[PDB]
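The lines below spell out each chain.
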Amino acid sequence: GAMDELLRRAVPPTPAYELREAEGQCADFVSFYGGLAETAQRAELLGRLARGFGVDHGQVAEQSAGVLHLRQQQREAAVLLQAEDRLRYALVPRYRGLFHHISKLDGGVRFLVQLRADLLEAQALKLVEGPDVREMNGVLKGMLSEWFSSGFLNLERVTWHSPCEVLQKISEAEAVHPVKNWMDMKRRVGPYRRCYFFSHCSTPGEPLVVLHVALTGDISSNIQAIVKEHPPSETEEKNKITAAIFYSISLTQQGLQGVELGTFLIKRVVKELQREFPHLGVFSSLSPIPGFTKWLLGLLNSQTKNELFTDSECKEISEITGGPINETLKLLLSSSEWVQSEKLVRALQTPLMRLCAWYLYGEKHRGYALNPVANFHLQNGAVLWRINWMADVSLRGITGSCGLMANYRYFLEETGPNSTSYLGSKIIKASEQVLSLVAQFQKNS
Amino acid sequence: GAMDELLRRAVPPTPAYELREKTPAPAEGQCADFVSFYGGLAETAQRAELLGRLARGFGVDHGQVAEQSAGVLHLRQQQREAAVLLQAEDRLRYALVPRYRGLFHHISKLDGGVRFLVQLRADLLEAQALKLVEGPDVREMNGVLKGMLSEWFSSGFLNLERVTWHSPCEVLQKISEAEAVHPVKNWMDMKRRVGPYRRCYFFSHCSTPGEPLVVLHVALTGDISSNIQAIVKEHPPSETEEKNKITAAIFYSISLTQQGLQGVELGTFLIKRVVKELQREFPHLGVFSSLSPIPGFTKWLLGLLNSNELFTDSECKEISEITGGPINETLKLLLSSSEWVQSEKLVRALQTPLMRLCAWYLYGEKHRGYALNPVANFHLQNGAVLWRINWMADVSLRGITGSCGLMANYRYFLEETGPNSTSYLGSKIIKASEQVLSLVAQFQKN
Amino acid sequence: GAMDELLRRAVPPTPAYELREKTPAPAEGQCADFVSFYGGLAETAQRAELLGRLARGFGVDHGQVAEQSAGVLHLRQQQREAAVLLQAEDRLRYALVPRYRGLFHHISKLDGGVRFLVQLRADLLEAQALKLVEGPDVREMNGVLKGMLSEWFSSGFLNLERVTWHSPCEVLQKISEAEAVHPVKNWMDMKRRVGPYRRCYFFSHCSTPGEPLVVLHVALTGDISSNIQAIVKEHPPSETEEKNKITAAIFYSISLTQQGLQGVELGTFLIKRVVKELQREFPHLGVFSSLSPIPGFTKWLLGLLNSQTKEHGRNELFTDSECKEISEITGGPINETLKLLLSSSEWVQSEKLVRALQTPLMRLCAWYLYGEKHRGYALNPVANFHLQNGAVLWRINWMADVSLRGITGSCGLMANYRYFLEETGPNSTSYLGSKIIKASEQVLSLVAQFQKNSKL
Amino acid sequence: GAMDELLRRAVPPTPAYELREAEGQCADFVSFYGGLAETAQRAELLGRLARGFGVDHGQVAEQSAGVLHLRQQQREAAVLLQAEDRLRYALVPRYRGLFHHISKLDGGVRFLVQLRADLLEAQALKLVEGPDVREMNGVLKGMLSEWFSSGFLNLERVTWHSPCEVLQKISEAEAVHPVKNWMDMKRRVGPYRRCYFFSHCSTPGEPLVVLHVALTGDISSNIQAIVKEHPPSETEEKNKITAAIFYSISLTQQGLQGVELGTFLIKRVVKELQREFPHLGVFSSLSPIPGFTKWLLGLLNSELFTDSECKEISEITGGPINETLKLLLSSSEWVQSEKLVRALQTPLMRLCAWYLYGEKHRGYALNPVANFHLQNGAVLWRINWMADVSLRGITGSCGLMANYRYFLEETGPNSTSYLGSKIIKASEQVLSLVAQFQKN
Ligand SMILES: CC(C)(COP(=O)(O)OP(=O)(O)O)[C@@H](O)C(=O)NCCC(N)=O
Ligand SMILES: CC(C)(COP(=O)(O)OP(=O)(O)O)[C@@H](O)C(=O)NCCC(N)=O
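Residue numbers (the numbering used here), protein chains in the order written: chain W, 5 to 449; chain E, 24 to 469; chain R, 4 to 459; chain B, 26 to 465.
One should not assume that every hint holds.
To be verified - In silico DSS-like links for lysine-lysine, alpha-carbon gap of 25 Å or less:
#1 W:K173 <-> W:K184
#2 W:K271 <-> W:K173
#3 E:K45 <-> W:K275
#4 E:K208 <-> E:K197
#5 B:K129 <-> R:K149
#6 W:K433 <-> W:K447
#7 W:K108 <-> E:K197
#8 B:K211 <-> E:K214
#9 W:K275 <-> E:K132
Simulated from the structure, these hints should not be mistaken for lab results.
The shape of chain W in the complex, shown without the other chains:
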């Protein structure tokens, strides 16, 4: 009814072609979109926009034919090149014109970053579907990747000398591990810790992406050991800083996904630590495995009459849970109770670790590694270096991935080709420990 009437007067028409080289129309769109409360409403609006205001498939098809018409006679660089530009133009979707103008308005880029986050949330919630939303997504992503391309991001460091607004924002959008009080946030940014972020050169002190670093002795195999420490406060001694551990890495603005913000922050933070500590050569993460429990629980099925446990392993389990294997585990593995029963913990060490190794290494989504965190560190050329048993005993941790945390190591002089091998050939570089667990798993499935 309404919704459509706005779209038609807000989205400018596609200029003929010539006159391609609507200011007071944009404010009409932003004003309206802001006026909608429910996400469901923003979904229908973005959905209808994406549908009715894409390319003109007719003209695209016409200009395409016009290019082939010209390659049969091969005439001048000049006239062939215009036939190509006419096609390039027909391919420019109609909503791109709307975004392009909005961006050149006041609260412009801020609004578009926001809008995309609204679209990303509606996509994952299955409120918007089809291929017209997937296109609009990429268009916004492309536009955002040019305004937020590394060269325009300042690397800022967080300390206790930083503004309170910054510490609050860093703890608030902290999308990994909660902080318990101010008493703690002082420790988190204090000695033996590094908290770096990225801000746009336009808007400083406004964090886009946030990274947390633990300056340590060896590669950490536990998160509680970092979060719940009382780092001496005997000012950093360089002698005992041998490993840089990445423990929290989160986006503050969901609108900026797939813009490689994360990747560059790690890259830039390394060159920083390298400058400060010239005798530091061990760079690794202590990352979670989100979706592992959901994968395992899901797999505890069924009519694929899928064996994930040896004879010896199954008998031991059931003589600790009072019933069959599949129904008992399905119940308690989603309720975090199983941890206080130490017989069931020691029992579940070897198989879980082995299935976990497989979950990261063997399981694929388009051949890239289902686990999005795994894809992230591997894209960057990291090595799936070590799997750590009961490394995260916290509620989200236990029910999220049965307490399992993974170590993704960064070997500086081999990140570049590891990125290529991973992206080009779909290869995962894994340590002898991980390959052994994958080897164990190969004995049964």
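On the provided structure of chain W, position chains E, R and B with the ligands as indicated by the hints.
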């Protein structure tokens, strides 16, 4: 010879399509090599040839395009799902993006890249203006670079810095040097231009703050100014600005500092941003206009004075009675001399027709239907009204020569700037004052 | 004991007189040695003895004084030229400046000197308040140090820094720690105190900017506030300060950070400077007052509730009708009754009792501020401070502070010291020179009520 | 009529004694003093204030007697000490009360710094005389030395990145050598040059005292060599910076004289240069000799010249010695007559050596610039012939510039010896010229 070699190992290769949203690792290295090399090239002619080599060899892949075009066509003959058609359309759109965009994009991320890219554009515009590189390929490459530079130098990427006497000397020296409309006389003068009743601003890129890109000088006044000398040659009583006696704001000088950014931006945001900026200090300030020169006027007159009507018989009889000679040999001489101004008798008689002639030159004379005069175009683009033509407005040697001492008033009406811009850009329409329209109507006689 | 030694090689020697306006070279070294040593002394009693040693041995040269006095006298017997008389007078004036002034002056120039000297004063005041150092010499030395410190902490030597949420955490932690009137509850609270409708300022020495000396908290309001809880326990709608709804400015906390600077300054500039500062942002803002506590009140009441008992149940502080009432509420005598429940902070629970205790307590408090004196200068320190600055003892507030701290210290009473921008100068003179207090009709009324029925 | 009427209602009376521990009266004084245009008017006002509002010589005499009355019976530390404080009080002049209060008002200390400069100028111009102005001077000086002691001054460095307001102020109150254009001021603060100043910690970027430094190869013997150079601009190479030469040292605020602002600027500037250039151990000034011409001319009234020297002079000037030289030595013409220059080399240099070394004002060294560097423990190290050819230079000190050297490990005792014992440390070159002069 070797120029060719660098290009083939420096211009990053077009990635697969699936790996299109992900930067490959060697991109950082490959770019620095290009920057290193282009930097190493001293004489421009080499830079010009290399740019030619780039536009030719590293544009759109013509084979992949024709293929994907048949792709989209072969699918529309068998009405396939939108799911499929969009996919085939997208690969064609990606296949249409030229290879040099990757080079430019990957150079932007570098330690001094955006600066470098600006300097590169400057060379490409020079290489063209010196017929050193002709061709649609260089033309294609120019437009792609401009577009990229347009997003990196858009309002929201620029700071509005103010110059005062509290500003460092380094800064004042930069503004004096980059001064393009009316050169600064002495230091005692520079102090006046940033003092009481005068505001001086510049826009800097957020990434390189302090390095100016555009200098705007503003005169705070009681009316719409009509004489340039009346601004620069005024020493006020130094008494801190009487806020009450400020009716309007006049823009008397606008300088683009970097030739690399020629008409990438729009212009409006240079103005309307300085306006809000001023308004904060002077809430009740509501009148805004420029006091612009008319470069290209005197030349356009002399160019035409080769035959034509232009003057009345009564004016023809008069000029000659003042001078002593014919008219079409007379005017020709004293106009292309800057000496005619000395005879007040002559200054007065020349007034009516020159004003009339000028009024046509701005409003009637077009270049692809977009106003022949560059200054006019600029203000017209932004939505300014061709408000008033001024007689003996600039009596400096530079003014008399370039535009027979005439200066136009481009008046910005905060409220009507949007529609006025549309009218001018879309429909090629000029909003002009009654004072201007009157003179055009007078010209329309002969 | 080796204390003596350091003093004789650390306190710079009095220069000639001709070389009086020129610093000698070893002065820098000699001072650093004194700072080094005094710093090295851990237990206070040592610092107290060393200060005693200094005041005694390094004051005025009593020999040189008596000599120059005879000098000025021996010349006035023979009416010599002004040229000569002034010269002899000046040497006597110089001969009267004690030796420890040179020490203090030469320490001031040092890398951390003024800070050090403040801390030194704090010790000298402590050493006196603990009868650790008695005598006119320490009294002389105290007065000389105060005077020196008065010129270094004089408005024009202080910065006015503002605390907001953009300020560093280091700064917010310093303000939380140095909080002296109403302790800050939690961090979510600290954000509120420097947020919309609240201003937080401090004065720092120009030389050490960022190191605060005095924290002023301000509540931007629609009227003159009367309840402390109504300030701190308010969460506004966060909507950027509606400029229009701000009638007045209230000072709810004032904290002196360094005990070394106790009453060297005046106070006037602390207020009036924050005032001009505020006024710039809110031109049409014209009402100013503090919402101060009354520390030392409840104790003063209980103190009298002992020595000021009387015959057949009644006493000097209450009426018979009030005496009959309180006891009817409680169940017991009165002068044993009040004594107990007042020194408990539990009386507040009975609304019956809260109401009856009102009229007399307000009356008693009004005397305590306006009638009760200490060397004729108002017994209450907070009162003195605001009175000094030229503030009017504007209004006494009932159940103003219902916190456990408030009820204990001053039975939930809080006074309003109102600053009238215009009359601050005369009001200050009146208070300082003539020991006069400008008070509201609301206050004067209550004093007159106290006078009608209390010989004390 | 007025003047006196104001003073009486503005200057508060001296409180009895007890009540010693008038805010709206001060503004009445500052408002009025500002209202006066002529310096001549400010002189009469400061003169009358100084006269009628000093000490009460009566009470001073009375309290003095009361101290001697107490030492005949020697009673308690307590009661003797009060008799001393009562005397200390009577000695406090009445105008000190006015200044003390003014200082605690807004544009306070700024106003007092200004007022003293008005008094210093009126004193030197002989508008105000007597001993009551000399006392008021010292009072103001004492009050100023406590608000301006080293501890409260920030050391600021001037470069081309500095505000225009700063460069202008540095060139404007440049009280030694004029700068010709902006083109020059860039060079003056540019490479191989150091321009440092002092600002109060209250008012930053507001210069009180200004010092100029030339980063050089050896101790400079000419000012034109520094002022009129074109320092390479090939950014500083540390290898060729062996000597730090102080060439301009001037006060911007005349109100702050004798407050040792100068000394502490050098002391602090040294510790800075020492930090930046650890291989730098040669510190010296290239200072003028103001008042030398005036001394010499004065002395030609009416033998400072040997037989051989007099005959040579007169056979170059057309008349007697005293009247001829008196005329041309004050007109800077004598420089373009090279016969008269070479003639006047040896005697001038010798008389000049004496002027700095031998001539004394209270035994300290008449030349105030000489007293300055010597107070600091500097050595009168070298006299330089025709080192300042500029107009002020020639007519000021017949082109003579002197080198005051700073030997770092012996400045401390040289300061003591100079101040305590009135000794001047001079190099063998200077002692030789003094020796030459001793034959006269
Ligand atoms: C880094 C995160 C926040 C997203 O980064 P993003 O900027 O979207 O990466 P990219 O896809 O843009 O390259 C996320 O995907 C992730 O990997 N989070 C946890 C990683 C960890 N804790 O080690
Ligand atoms: C430095 C001058 C300007 C006065 O300084 P001042 O602040 O009075 O020194 P002080 O007596 O306060 O220590 C002056 O006495 C002087 O020495 N001038 C020239 C010195 C030089 N050019 O090297």
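How the hints compare with the structure:
no., hint, result
1, W:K173 <-> W:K184, "holds, 15 Å"
2, W:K271 <-> W:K173, "holds, 23 Å"
3, E:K45 <-> W:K275, "holds, 21 Å"
4, E:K208 <-> E:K197, "holds, 15 Å"
5, B:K129 <-> R:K149, "holds, 16 Å"
6, W:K433 <-> W:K447, "holds, 21 Å"
7, W:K108 <-> E:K197, "violated, 29 Å"
8, B:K211 <-> E:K214, "holds, 17 Å"
9, W:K275 <-> E:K132, "holds, 15 Å"
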